[PDB]
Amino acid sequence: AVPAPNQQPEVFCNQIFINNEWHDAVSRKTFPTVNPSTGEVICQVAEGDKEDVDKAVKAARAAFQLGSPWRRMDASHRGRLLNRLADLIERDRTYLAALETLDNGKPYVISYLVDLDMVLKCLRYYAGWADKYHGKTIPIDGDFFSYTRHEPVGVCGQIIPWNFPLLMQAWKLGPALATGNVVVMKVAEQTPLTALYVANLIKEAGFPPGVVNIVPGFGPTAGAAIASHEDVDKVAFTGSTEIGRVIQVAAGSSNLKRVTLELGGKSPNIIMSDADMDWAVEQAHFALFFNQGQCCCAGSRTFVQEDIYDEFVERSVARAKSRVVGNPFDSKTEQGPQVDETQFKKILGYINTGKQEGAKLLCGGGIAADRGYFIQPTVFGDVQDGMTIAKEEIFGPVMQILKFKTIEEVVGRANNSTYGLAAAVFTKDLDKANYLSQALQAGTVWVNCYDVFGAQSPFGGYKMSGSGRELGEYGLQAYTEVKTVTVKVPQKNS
């Protein structure tokens, strides 16, 4: 069941959120957000900058003072508030899914059944951690009692991208709030609207003022101001590898804030000759084309063993040609537009690059519609490792298929990347599966599946794909500051 969408949802929230209230930018500036299916302006949104970030950081710091409501609140009650926020997002699920589709472009059926479902599951998962992330009592040498407190890291700056706007918001707020931190969040200028509506729900859930503050605006202004802020304790950034470097340098040049990064990839999807062909073709299609190709972990190097290459490619081209591109509010649509004009042009540039460098264009390759930013599902065959389209993240509906012979060969080729976000293996053989999952240098390895995210299992990069992990128990580590307390006692005994 998917409820019929409101195809022109009303916008209620379009300002800066600080201390549970809505503010214009100090400059009074606004910027337009565009509906990528039509190329039309949806509305204007407050354009936050350094001075607005400063206000937000001050508010968050005040909310974090010893003795404040948020610091004194029982950990279990932090869990109750996360569960209440999830209930309110569920109340407003049909609205939020439609607004997500309007601002981002992804199909409404997918916003509804996938993104919003995952948001609810992420928040509810982290609600349960709030009162369970224990410190330790430690049997130190000597006449002492030693223990650790797991305290919050403090004021957390969180910068999120446009590809999964609500889900990325949840992946950040869940662990940070479960562990009693306070947040200054910068949302993507391409997709600010759904995160701002969720701020209304944060207020309605009962979170104290200043615990979550959201500043819409641009990267070099608002994002940079968070990264360089002298009173932000920790930054978590999801976005390009290039900007990740900018964030880590900003941290080191300012106050030595702690940093985690979730960046791009060029993830390999390895199809052994003993794979289930029908399932491997469908899953390789999903692995690449999911979310208009705008997935950090997209399976954008599809390695296929030579004895099954021709058949796999024939089936993959047929499936790409059948993929329905169109109005994301139409239930038949499998692929909406790309998020914006900038991305649209970049993907057209990468398609031309693949043609220029001699990849075999097997289908697509062009613009799919007049209005908006729609690109045909595009498949390149006989891709070679030295090709730019085999090295660089394209972030669009452009599939690369490579041929290989041996399992030893494919490990080396899959690992010969400065990225390392994810990888997958399709095989029926126990030993091939264990060989490859061990050898692949990637933060997640899927076996006979792809893009299986669970709030319970961590996700993040090796190499230039990131540092730190999100989701799972691991997602709490970056949000905790550990204090050892070591007390002299009269006589220690076991």
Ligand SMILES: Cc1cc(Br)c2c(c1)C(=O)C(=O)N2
The other form holds:
4 protein chains.
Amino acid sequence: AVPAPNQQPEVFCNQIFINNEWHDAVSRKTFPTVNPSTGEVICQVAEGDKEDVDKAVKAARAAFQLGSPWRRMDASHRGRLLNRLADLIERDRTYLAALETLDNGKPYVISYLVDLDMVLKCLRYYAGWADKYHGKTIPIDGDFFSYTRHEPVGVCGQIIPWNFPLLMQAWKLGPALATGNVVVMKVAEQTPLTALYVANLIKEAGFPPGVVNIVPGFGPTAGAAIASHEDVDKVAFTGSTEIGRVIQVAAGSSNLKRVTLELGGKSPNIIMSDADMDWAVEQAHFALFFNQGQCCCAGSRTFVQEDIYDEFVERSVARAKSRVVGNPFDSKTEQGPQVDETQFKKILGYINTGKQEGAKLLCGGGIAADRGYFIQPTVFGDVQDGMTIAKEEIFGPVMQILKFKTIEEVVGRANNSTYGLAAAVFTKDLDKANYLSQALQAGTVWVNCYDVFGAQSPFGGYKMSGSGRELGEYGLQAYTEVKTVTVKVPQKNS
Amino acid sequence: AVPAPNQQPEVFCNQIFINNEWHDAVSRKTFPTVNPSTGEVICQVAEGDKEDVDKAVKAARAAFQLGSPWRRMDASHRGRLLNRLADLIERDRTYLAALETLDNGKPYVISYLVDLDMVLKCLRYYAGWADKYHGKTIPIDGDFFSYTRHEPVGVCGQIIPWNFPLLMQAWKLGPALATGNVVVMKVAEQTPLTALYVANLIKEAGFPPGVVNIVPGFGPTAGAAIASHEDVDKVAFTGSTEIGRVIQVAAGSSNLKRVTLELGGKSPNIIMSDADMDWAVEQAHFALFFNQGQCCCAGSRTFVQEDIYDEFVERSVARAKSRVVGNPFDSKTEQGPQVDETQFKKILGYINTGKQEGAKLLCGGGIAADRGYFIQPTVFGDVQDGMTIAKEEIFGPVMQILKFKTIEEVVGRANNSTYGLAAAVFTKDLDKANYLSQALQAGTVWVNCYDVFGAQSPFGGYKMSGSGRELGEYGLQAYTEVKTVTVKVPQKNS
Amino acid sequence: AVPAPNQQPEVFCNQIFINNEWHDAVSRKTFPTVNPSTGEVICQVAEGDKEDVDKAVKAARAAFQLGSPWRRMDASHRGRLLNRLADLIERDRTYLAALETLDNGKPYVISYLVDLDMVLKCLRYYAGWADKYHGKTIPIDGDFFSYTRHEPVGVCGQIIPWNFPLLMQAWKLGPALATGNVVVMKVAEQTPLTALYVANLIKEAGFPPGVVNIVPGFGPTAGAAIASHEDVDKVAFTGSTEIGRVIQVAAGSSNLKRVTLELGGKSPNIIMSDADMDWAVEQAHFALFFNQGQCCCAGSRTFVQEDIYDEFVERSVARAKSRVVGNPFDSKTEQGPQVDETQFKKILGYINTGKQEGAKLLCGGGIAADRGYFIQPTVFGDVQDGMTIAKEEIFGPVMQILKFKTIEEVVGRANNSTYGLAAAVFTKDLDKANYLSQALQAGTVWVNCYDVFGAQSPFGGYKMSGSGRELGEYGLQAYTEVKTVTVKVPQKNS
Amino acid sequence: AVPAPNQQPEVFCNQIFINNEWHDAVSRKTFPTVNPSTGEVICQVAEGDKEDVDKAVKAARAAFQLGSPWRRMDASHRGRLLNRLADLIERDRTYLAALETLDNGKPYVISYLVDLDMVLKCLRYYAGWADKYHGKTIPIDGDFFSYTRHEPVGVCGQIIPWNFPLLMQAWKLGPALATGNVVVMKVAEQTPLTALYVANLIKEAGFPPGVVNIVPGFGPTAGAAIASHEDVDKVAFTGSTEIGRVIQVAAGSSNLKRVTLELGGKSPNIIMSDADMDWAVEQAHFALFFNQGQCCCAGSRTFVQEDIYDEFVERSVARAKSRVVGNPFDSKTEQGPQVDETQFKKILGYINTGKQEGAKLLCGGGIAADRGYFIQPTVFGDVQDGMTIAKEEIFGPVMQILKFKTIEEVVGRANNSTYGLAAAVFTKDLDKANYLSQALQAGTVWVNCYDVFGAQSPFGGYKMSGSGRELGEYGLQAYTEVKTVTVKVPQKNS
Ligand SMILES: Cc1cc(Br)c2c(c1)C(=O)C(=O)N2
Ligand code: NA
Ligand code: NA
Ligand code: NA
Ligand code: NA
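Switching from the form deposited without 7-bromo-5-methyl-1H-indole-2,3-dione: structure of the form deposited with 7-bromo-5-methyl-1H-indole-2,3-dione bound?
Next comes the full complex, and the chain you just saw is listed first.
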């Protein structure tokens, strides 16, 4: 049930999107976006900078003015546009999945069945919320009638990463638009193409001009410009924990814009001795190697109870050596290339530190192909908490397996981190599952599964893995500004 | 029915409160707190600094450890302890009101009937939330059971101002303690005493050691230490917008602690021509002069429709000329002194700027007594949007009256501001009231009333008046960390 | 924008709908359904009875068995099917409007622009609710993890009236299907055809067999059979109060199935002396004469303050005289015929009694045509509370205009009724609106409008106008069975 | 820590409680209430009938009038009153516990530590809800502002049973008074004394006259008069399924008042082979024998997996034989007498039935003393589904143990019942716990525990065990009438 891909899809949108129009950058500068499987340039893209962001923000501010089409629009009709957008994305599903693989590197099978399926589900879910996020009527003391209005927060700056271009765009636009906000979105320079085509679909669906504006560009230029703009009411950022800090400083430095962050992780995958061996091994493989390890909540610390450690290691090693690496448009390929040169080198550098500090390399370790940013599935064994590969986010196909004895021990070790994005627990015991799910300091805890996302269930970080939540009802909170209206009445009665 | 005050209440607590015990500062250094009615010193207070804050955060962290009495305590019993603390405050109500007046300057009548009443109601409102802030069970796709846990955010740094010492303390501790957080509080140097006595009642109530820790001191020292601490999970700040920017920068530069801000305003009070004149005059007077003008949401821009301007102004002047300034322990006193020398001078400087930039001085405008920080009820007329007194927060008993013609005009002028804490509309017309409360960009809009606060009704700013909300159900949101638990199940059914 | 009607639409569906297939009655009996504009039979329809209801319930029970396609289906996919059903209704919108007008008699323009629009909005609203009606996780005392599942109530019997055949069908299916129930629906003998056609669309949309079953037939046989059935879990009935009482008794004397009722009314439309006159007149006309007066919430007691009574009356009578009565497919027609001969007679009898008892007949009064059940727009002035036409629900184009003096008077006079479905207040004054909206004992109070329905806002009776609510989040409550799960854990922590 | 009881406690209240005053019946009639431990009369109590109920309903209705102290009272203050009542009950705990034991028969240790504790927790829980049950503001289509008020349902009839007299009174009063309703309560003739004393405390707490009225008397007279009353808006009833039918019929037959029902059950307690045997045996014993087996959700069907059956039965019989039956005031006593002679005889009837239909009597099965109504702890083994003792509620100390093999089997057999109040599952396996908790058709499913109640977690029946839920937020739903107010506005914006 996967239709055939077009392995060289035409590029139709490569410009700045403001007011449902396509614009070259003010400076006329451009930048190349690259095909990571070949390393060849796909096409040139307009390089937005502050001046282009200023244009986007003004366009958005005007679309948001009291009495505008977007503000007067019925809430139900915002839901109707979101469903229309989703129908258009479904019409062009194969195209977009192929364009995603071309620009990102992830396998086309995964793009089609996972990424675009989740885009469609996210947009259709939030379509449903548009007219259901009620304010409150409140039994305040005295002769008063008091109630809340859930207004849009306003102009929302949204900076999205390269690991899931399409899906992250959906994750941001969905809540924003459902609650009647306007956006200025900065797409990642590595993967700008799918998001710009979606902008063309946003025009086709019938969204008023300026409601969604997209400005491709670099982090320190366009990203920073959105972060520090005096008329952006809210910023939402998914990227490194390092940059997250820069984003929050920029907001305090600028106009006290509201901030939410979805950052990195070093997520513990915990395998108890009573776990289903086969299922655990396959899921822990998935937990780490999914999307070429380019996953903020990748199970990068696989904790295994000592009684089953040896069997688990041998099975994991066998599975990693069997994982097919190659052309992402091949239906047999399970792992495509990494996204770019920088990440390629970064990963190879982290593998070097693993070997340097005495972690046992059990398979892979090196480059997987002569052409493109391909890296062999790599497993380290006998990993220690103090090792660099056990502490820092690698964001590549590099597995760390650790040994533990007691449940008290692994809790302490799992939680001993400045990250807390996700975690997982594999066990057949009811009490162990509940004890561990409670104790783990993680935004999402999976029990006998991994990477189970639904648009209905919130996702986000504890500690320095981020603040605020995306998905679910919770994802609407940061896109709402609460107004209390309190009216004197002649006589208050229950 | 007000009980006669003790006009010289004994001071019992004046040190640093950590682990239900009283500590001198590591440096052993103290600072004076002044009785603003006299300019004389009440007592010395321990000057807390970074190292004292570090001790408090350690005490908070230990009390928040999994397995501790506080973490294991039933949600319902947390409510009982909050209800117990409320009873203890009510028990000592006459004393606390007197001490509030002693150290802050506000009238004893107001301290007793307004301040302590709202303290009691806040604590009792939040006691009710302890066991009712439910997470969710979520109908996710696939064979999964998914639900959310609403956990405490953890160690909460709380910085409160000097204008409502006891009430601002209750606003912070209520929602923090109801949701099982631990607290490191920084009280203002000008008004530390009442907060510190409440610490004794917190211990007497039965709160475990370290759950509430209070460290008096300066803003640049103790305040900056909390906002920048590596192991504080959350900071809530109330104060000026200037300082709010520094807090958010400090959060971003340290450990990405979650931030909420309650800041200043320049709130518009809009009087339509069909307003009840006598009610509007009295309420607009209260809106501005309440608490010696020292209200973030003070009605400092009194917009009056041109048809009723002259009459409104005459009536407003007569009310201001009759306002009794004097000893706050005298039952006839409406207005006590300003809080300290800095504010006394600051307000006088603004008064000077008002008559210098062409605003019409109608009454007052000078010092009201030769001892203490008493300022005359001052009223400016013919105030224009360009004037400093129309733009900046004076935080004193200084009234600005501006004239307007149409409803379209006043919406534009009222919203043209970087502040947006509150606003008011006075009108008998249904459509006018809905038109305005809708169009005004403010966290709270009062209709035919002003300064009506209820624990059930959220409060907080638009724009640079803040982020987040206190009071109501909304107050618990910033003190909760959300954890999704997603469990594989044999077969999901509806 | 209304496309040209096929004025004699073909009837495709006229049987019993069970397991996505069409069935003759077990007895083979059929009954005629009439075109009320002519008095002639459109076609014969299968007369469902106890035996047929027994088969429909067994099919419903089978489709509801644990592990069935319907039970295992993702909540989000239930929503997709509802939106698909809506698209299919929208596809066949012109046909459905014409068929609705043929069987019911309402003008085709109203049928197209109002009834089908509201059908579409209702279904799309509840599609959104399918995967959002969360249960809770509950901070219970002791070492336990407690939560609630919101499960479907089960086999739902749904009995709909004839005044809004398609809309009332949507009002019932929307919430029931969103929450994953199964339905045995009984449609009105006077108007079964459109509901049976929608059953074809239900099959086409993709709903599993047995999820929706429809049994056209008589009230005392097919209706009572559902209401008394030992394996039906929940009954929703919309119709007369008298039969409402029969339904609640039948639930009680069988299996204690859950009951919700949408019953009649004698709703007060209150015109204060300060209302907009032209608006009030047109809304009062609308309030009463919409759908040939066949609305449960019709403004059948129009209270007009004495200072504006004469003008209001003259204008209302002038409006009633110019109201165009005739063939509902003609574009000039504002008022169609009544639904059948019994209503035709009943309404005329109420008109007789109005003249007798001393209400001034101001216009109309009799039969409007020698063909079909057309009644003249009729107005009664100087109506007093004790009059039969002031007490009892006429359900026809017969207006009652009553005079009052004070606000205290009208509240008490309005509330002195065994009914309480809706009310309306027409005024420009803020306090009069708030005073009246609070004091009126009605499920919906409209302020400066009438018959304003939204899928998002709940609708239902006080007193004997019904119990429970439909539409909004509230309309899901009656279709949910709450399950508590409480699980022993090792150690509960916040 | 249990204070020594007064074994012959004085009676202070034995009359009808209307308008905070004590009244004899209009007929001056009284009835004796019996001490089930001795079979001797305690005292006479006023016998309320139709005329007394009518007086009570008029007092309730008067207290509910617009502008009354109770309607005008701040929501937060209702909260305060409930908290005061709880403190007064706690003050008089020893007495109330002793009185409860004297009249009902249950162990004094249990009354004091369990019943009274739960009464305090229920009332304090609902105190917290008084000012937090918000209506909604709703984004409806068009130029309208729409919102819901949550008003009180009105005059609420409350009919409570004799098995938990104090607790059941709290479960009714809490949610009703929290939401501002007024109450006419009928207490059980077997156990009216503790409720009447609490009425004194309700007066002392400061609840306005008429808010709570109590009419002691008999079911067919006083009870029926409440259910049939034309000015009662709602009836909540707890008792037998049979009488529940009578109440629903009466409600439909009169004024369509709203009905919730809490009825009997035949709850399955499922013991899987991997259960903790020691824990499972003690919990199953507690599940059945608690409160002399007079619990609606008693684990009256103990399903034990075949591999552990013989050992479980052996241990269960030994535990039954060791249960101490005696004077409920004696600290050694585990089991008191049944409540009265009617239940005494009925239980002996059921025991006889078990023997006659082939159930194997393992211990007890007879009368345990010559005085009072004491029955031997009785255990039947090898019970089959088609047996009457396996089907019908015995409401005595009679245990049914059934054998099963497969998890799929036990689901069907557990669900093959017209009841569904509760169920439990004992297992160490996560997947079995989730599979059963989902598959069991019951309002509460306990996992590895039984009879775990929390004021926070709802309770109620599936099928014929009741409808509606008490406790938690859900307990408020039945005490709320929802009013939609939809207001036309000049220009709707988001
Ligand atoms: C933000 C985000 C989204 C998705 Br889908 C993910 C991740 C992170 C992962 O780490 C993963 O495996 N899938
Ligand atoms: Na690329
Ligand atoms: Na003094
Ligand atoms: Na007809
Ligand atoms: Na008794």
